[PDB]
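Form solved without ligand GSH, single chain, as structure tokens, below.
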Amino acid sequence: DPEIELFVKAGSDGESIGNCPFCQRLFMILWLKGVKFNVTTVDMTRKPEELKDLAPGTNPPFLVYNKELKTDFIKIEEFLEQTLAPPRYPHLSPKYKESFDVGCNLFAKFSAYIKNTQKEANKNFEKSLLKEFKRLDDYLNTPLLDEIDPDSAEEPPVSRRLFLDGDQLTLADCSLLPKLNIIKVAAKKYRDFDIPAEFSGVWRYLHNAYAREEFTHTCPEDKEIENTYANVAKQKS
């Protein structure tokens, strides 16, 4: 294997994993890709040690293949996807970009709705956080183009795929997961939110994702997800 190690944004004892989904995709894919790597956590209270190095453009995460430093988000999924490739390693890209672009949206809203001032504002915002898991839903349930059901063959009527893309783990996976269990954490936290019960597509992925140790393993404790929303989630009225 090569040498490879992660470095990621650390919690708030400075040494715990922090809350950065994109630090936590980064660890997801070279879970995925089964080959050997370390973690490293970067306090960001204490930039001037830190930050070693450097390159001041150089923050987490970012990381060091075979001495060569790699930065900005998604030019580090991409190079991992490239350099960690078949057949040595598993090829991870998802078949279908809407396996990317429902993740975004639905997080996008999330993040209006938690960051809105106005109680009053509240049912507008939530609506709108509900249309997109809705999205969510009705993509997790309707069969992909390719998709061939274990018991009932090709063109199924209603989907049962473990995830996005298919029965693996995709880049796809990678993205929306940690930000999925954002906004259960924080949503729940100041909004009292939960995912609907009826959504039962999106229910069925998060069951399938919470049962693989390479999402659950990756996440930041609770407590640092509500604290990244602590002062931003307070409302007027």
Contents of the next structure:
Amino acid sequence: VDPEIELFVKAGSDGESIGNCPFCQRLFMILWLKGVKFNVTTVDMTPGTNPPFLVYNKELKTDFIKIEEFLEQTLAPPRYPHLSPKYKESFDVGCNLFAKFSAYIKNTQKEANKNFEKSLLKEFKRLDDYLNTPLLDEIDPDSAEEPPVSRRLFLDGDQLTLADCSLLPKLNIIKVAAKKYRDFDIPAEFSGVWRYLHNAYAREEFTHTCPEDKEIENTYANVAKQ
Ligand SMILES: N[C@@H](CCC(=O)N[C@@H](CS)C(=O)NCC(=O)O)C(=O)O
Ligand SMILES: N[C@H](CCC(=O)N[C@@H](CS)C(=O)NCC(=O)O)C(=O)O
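Having looked at the form solved without ligand GSH, could you now put up the form deposited with ligand GSH bound?
Below: every chain and molecule of the assembly, starting with the one above.
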């Protein structure tokens, strides 16, 4: 016995596939991690406004910040898990990452590239520090002292949370778009960032909600060319 849920997300270039839409992917991830039954319909953007929107027991919801808080609240225990993070810093971290990428990827002045890359890099470093630094709840299993490097799987702990549902779609877009148009690789030295990405891309709830890389590339084909 579940509620009736259809999530409407943005379609990709063929009008049917999953398109590039990080807020759509965020809600898709939330619903999957809740364990609730739901259908996903893609909307060809070539009623409401832009996706995502959601129909929940026959009622249309279009304010998508409000969709997130409604799902988290509504779909509650005992039946479904709360997905909110233990620590707020799990949200706060990376809150500026996408904006720094957005400036960098649309910069058309080759001479400013180094400065824009440095600004993106400063945010990656901040995320990396959050991910390598043990959370307050972490106890090394061999020594019972606080680990010298965090080994938790995700932002907030060993389970995917709302924080991950928000950030991972943004990280995928950055990874794909920046590589294609600026030949940028997330530095290998950001060992926490990569621990997190390898763990996340190991999860079907993340990888199978990603659009094909080409969709993301198509998004930036006209803004990211210098
Ligand atoms: N800010 C520069 C010149 C290159 C540049 O455009 N940098 C950036 C990216 S961090 C910027 O905010 N541009 C200011 C502008 O709009 O001209 C420098 O350090 O010499
Ligand atoms: N409308 C579908 C998108 C739906 C979709 O791709 N859902 C997949 C992700 S690839 C899924 O794993 N859904 C399982 C679930 O609802 O739990 C399409 O043909 O592109």
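For the two forms, the rigid core is made up of the largest set of C-alpha atoms that agree within 1.5 Å on superposition. Positions refer to the first chain, counted from 1.
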| query | finding |
| --- | --- |
| Only residue that shifts (Cα, 2 Å or more, rigid core superposed) between these two forms, among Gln118, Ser93, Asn124, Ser152 | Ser152 |
